[PDB]
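The chain that follows stands alone, in the form deposited in one PDB entry, written as structure tokens.
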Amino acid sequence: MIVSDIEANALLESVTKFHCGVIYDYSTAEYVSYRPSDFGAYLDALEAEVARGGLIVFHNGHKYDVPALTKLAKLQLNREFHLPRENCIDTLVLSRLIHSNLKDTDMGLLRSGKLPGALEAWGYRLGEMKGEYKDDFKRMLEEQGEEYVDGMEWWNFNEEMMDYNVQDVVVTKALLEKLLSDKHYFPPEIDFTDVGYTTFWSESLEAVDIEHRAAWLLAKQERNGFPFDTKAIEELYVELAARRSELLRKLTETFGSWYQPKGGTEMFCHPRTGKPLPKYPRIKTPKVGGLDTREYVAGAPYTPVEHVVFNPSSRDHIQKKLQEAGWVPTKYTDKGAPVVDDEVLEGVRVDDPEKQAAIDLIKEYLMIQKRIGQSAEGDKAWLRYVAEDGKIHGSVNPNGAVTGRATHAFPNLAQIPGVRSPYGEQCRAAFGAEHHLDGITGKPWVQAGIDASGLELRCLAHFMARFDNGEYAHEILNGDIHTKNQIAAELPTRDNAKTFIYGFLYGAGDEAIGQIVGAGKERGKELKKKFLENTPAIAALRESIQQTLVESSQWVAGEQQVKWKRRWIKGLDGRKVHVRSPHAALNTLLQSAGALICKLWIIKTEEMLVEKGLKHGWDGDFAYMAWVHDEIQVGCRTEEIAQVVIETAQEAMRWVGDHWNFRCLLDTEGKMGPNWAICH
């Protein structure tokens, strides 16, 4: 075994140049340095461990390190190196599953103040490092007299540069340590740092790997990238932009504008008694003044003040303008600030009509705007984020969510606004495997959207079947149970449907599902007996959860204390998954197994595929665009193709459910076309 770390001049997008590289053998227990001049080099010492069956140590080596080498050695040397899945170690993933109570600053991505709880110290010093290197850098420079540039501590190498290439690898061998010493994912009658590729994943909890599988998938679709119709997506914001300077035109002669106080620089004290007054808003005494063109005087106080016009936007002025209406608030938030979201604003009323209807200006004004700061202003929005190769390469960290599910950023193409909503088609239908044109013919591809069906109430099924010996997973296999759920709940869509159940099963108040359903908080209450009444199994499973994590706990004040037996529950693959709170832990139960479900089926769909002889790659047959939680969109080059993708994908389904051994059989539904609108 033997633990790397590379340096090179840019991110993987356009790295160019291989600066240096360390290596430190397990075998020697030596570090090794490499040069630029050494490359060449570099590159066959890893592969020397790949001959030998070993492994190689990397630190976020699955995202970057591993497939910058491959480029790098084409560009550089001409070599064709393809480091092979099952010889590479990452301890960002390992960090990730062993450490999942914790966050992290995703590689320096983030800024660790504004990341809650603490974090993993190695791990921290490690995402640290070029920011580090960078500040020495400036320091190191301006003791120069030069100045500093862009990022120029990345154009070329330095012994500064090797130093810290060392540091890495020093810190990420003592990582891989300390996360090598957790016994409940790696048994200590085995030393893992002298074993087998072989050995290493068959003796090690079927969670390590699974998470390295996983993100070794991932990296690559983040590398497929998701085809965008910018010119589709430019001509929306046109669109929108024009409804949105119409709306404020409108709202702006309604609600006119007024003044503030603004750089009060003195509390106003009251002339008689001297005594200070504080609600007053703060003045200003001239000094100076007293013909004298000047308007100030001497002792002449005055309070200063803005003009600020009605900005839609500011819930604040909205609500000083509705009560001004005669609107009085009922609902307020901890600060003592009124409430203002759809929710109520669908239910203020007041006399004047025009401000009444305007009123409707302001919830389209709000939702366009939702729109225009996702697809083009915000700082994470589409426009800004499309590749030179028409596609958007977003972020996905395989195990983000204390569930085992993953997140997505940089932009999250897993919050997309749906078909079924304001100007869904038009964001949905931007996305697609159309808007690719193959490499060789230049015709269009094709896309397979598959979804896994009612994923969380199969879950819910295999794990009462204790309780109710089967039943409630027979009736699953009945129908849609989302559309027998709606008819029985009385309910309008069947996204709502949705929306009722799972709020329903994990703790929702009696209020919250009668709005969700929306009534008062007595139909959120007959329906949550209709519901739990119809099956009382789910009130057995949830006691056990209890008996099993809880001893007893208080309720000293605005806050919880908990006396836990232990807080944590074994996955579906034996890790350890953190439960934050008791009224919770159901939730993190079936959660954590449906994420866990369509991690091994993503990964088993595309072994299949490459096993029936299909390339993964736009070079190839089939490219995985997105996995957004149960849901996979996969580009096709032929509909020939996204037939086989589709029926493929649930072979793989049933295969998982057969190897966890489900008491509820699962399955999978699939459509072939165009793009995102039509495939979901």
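Numbering follows the first chain given and starts at 1. For the two forms, the rigid core is made up of the largest set of C-alpha atoms that agree within 1.5 Å on superposition. What changes on going to the form deposited in another entry:
Only one candidate in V195, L366, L491, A207 has its Cα displaced by 2 Å or more between these two forms after core superposition: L491.
The Cα position of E86 differs by less than 2 Å between these two forms after fitting on the rigid core. With the core held fixed, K130 shows a CA shift below 2 Å between these two forms. The two forms, fitted on the rigid core, differ between these two forms by 2 Å or more at the CA of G518.
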The other form holds:
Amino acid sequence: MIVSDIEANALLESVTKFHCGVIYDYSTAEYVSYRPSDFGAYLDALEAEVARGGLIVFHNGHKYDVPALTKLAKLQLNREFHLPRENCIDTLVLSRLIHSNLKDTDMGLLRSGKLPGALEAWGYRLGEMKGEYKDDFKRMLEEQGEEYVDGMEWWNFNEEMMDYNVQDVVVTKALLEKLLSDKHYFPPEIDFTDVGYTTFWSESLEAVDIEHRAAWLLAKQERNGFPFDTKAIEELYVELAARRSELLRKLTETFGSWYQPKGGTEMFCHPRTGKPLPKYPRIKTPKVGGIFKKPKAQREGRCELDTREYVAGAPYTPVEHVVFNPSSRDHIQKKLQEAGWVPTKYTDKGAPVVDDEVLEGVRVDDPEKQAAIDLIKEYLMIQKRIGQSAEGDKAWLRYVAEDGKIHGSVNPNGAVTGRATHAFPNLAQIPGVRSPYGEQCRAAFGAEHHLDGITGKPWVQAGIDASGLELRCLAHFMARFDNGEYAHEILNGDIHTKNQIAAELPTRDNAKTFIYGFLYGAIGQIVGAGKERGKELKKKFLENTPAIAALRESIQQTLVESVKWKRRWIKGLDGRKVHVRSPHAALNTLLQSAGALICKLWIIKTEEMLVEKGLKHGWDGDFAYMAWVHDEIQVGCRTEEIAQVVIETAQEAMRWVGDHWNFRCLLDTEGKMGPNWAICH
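Next block, the form deposited in another entry, ref. the form deposited in one PDB entry:
Just the single chain follows, nothing else.
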């Protein structure tokens, strides 16, 4: 086993030069430094470990180091270098699995101070290394009277960079051993720093293998990117901007501008008493100024006017002119109450709630102002679309790369439950086809927007989703109590009508609304009541669905004892610990984690089966994973025939996953072929 790390001149997307590398070999217990002219030797040493059937450890190597080395080897040495997945270990992936209850900076992409909770120390240091190096570099320059430039610290190799490279490996080795000391994931009887790759994967908890396979595949997905229709979104932006302006024109006509105190530095005191009046707006008391100018003549010596507008001692209140801003909840509240609106619910900070739900219920006398509320709701929605697609810091138009694709990031295990998190931009929050402008947004993301590198023909999209996964996971867990009754109902008959009767509900739709919310630990807005009838709905449901009550009880007795815990985690499907934040959300944690691990193994198995059938993963091949959104995947396919194969293979993989973990409820998928995400919903 060896531990390594490299320093190069840029992020993966544009890296062109290997600066240095460091390798720690457990067999010799020594560190070896490789400078720029040693690139070839660096690569040979890694390949020697692979030839021994060994293991190579990187921190974030799955997303950066490994892919960067392949790229750099070809560019600089015209050499083909491809480290196999089975020979690589990533301490960042391991940390995210073992310390899943904690956040991390995502290697410095996120500000430490903004994250909640504590941070694992070694991982914190590794993620802050670039920032520290840049600080050491900068002060060394300014001390020499040299100006610093944007990011010159990475243009050339230098010895302090080499030192940081050595330090990274020292800390990564420390992190590694800290992670390997967790006996829940690594049996104490085995020294994992002294075994071949096959032993490492087979002797460690199943979750270790699944998380590395997921990170390897998802790094590939990020590299693939999601083909994006830039032109279509620029046109949507023009359309949205035009509607925004018109709404503003109307609203600023209906709600006029006004003045607000601003710039006051002095406290206003009662002229009579002198007692401070904190409530009154701050004032300003001019020290200089008068009616006449200080004279220059015998006529005046016993006078010219002071055109200045202030008089020493005469206080005034500084004010600023403000125009109605439809995005400001404060302005909205100000104007509507002035129209007669009387708030019914405020925030913990005293401010009145101004969300879509309350706005919809606001009633004022003036018909123009009443109708203006619809304009405000529309304006707020338009702003949300404009921010996400064009103006926001993470707008789609700001992220589209030269290859015409958006390469959103994915943290394979960013959520406590085992779900992945998506960001930069978050491709798991694109407006759905049923929401305003959703069809245009969704249509802009699609395989059709990628033209084949050889034929120039657009690719086709296969959209596959797991069917009612959450409910099937519930059926699985209640099977030890109902012997598969709930499961049998799901795939044979109607489970929603079954729950409707169970919870004395009027509409079947109310059932679906009730169930997907009962699992979220939630109220009566389903029927129209609230905080009264709701209590009666739960008791009635649980009463007619004894198996769910049994499941809840069993979960509780496992975690709580009185909050005083007996164990604050649940065992996931692959054996990992899944932190339980609250006793009431325990069932949701169990269900969401089950679905997450199922979908994770599913996408891994699906790609492996496609590869075993002879299909090549990549734009230079047959298919390309473009997005994974919890229970669905969108895959680009060179041809429709391939798309049909991907759809059929994904079903086989899901059935394989259900059998693999002896699931008590049959698992299924549904797939659609089309040109983009709008059609493949």
